[PDB]
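**Student:** With the hints as your guide, set chain B onto chain A.
Number of protein chains: 2
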Amino acid sequence: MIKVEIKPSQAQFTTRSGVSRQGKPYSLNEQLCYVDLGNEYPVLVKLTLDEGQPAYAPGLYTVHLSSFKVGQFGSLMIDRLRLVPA
Amino acid sequence: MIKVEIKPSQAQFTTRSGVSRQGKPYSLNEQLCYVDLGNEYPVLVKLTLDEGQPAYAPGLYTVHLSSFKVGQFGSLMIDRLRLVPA
Numbered sequence: 001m002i003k004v005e006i007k008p009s010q011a012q013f014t015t016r017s018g019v020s021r022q023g024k025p026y027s028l029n030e031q032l033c034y035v036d037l038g039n040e041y042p043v044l045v046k047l048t049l050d051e052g053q054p055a056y057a058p059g060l061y062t063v064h065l066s067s068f069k070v071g072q073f074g075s076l077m078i079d080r081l082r083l084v085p086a
Numbered sequence: 001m002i003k004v005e006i007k008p009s010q011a012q013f014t015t016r017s018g019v020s021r022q023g024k025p026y027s028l029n030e031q032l033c034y035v036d037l038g039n040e041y042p043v044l045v046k047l048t049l050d051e052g053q054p055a056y057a058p059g060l061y062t063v064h065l066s067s068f069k070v071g072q073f074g075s076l077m078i079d080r081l082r083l084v085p086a
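In order, the protein sequences belong to chains A and B. The first sequence begins at 1 in the working numbering and counts up one residue at a time. The second sequence begins at 1 in the working numbering and counts up one residue at a time.
Just so you know, the hints here were simulated from the structure itself, not pulled from any lab data. Careful, some of the hints might be misleading.
A pair counts as met if it fits within one copy or between any two copies, since identical chains are not told apart.
[To be verified] Straight line, CA to CA, 35 Å or less: simulated DSBU-like cross-link-like pairs of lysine-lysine:
no.: 1; residue 1: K24; residue 2: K69
no.: 2; residue 1: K3; residue 2: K46
no.: 3; residue 1: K69; residue 2: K3
Chain A with its partners taken away, still in its complex shape:
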């Protein structure tokens, strides 16, 4: 299990916006977190939230299986990092 932490300073999201190729509006909500990759300190990672989801509250989390998909070359990839409480 991957340990992910939302620090107190990371409790909000920001929103970026634009227009798709054929005219549709979009909005993306982004939140920061720390992921422990086994180095001397955790590293900073950007999360893009799913539609209608609030920012994750401060605390400890692990990664949900729905984060993964098989990519177009047949290898496993991360689609979007989706979290669940630890």
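**Tutor:** Then chain B, alone, in the frame of chain A:
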């Protein structure tokens, strides 16, 4: 934890080869496996092995932390799926 299984029929690797942009030879060893992504059946996934590593033997495995890296846009990505015995 991600459940990965090497079936008896997947106990070997194949090798692809070529030459890099500035003349260096390379060889890549590839092995297949099944990864349970929570659908009705596990899905087929291609693994690229690291230099000097044998094919994983048949059995159950989970994913090592070294599989992950922060990508050039700041989000988490899979570098290469690296496995450890379950």
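**Student:** Hints first: check each against the structure and report whether it holds.
**Tutor:** The hints, checked one at a time:
| no. | hint | result |
| --- | --- | --- |
| 1 | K24 - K69 | both (25 Å within a copy, 32 Å between copies) |
| 2 | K3 - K46 | both (15 Å within a copy, 26 Å between copies) |
| 3 | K69 - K3 | both (20 Å within a copy, 14 Å between copies) |
Hint violations for this structure: none, all hints satisfied.
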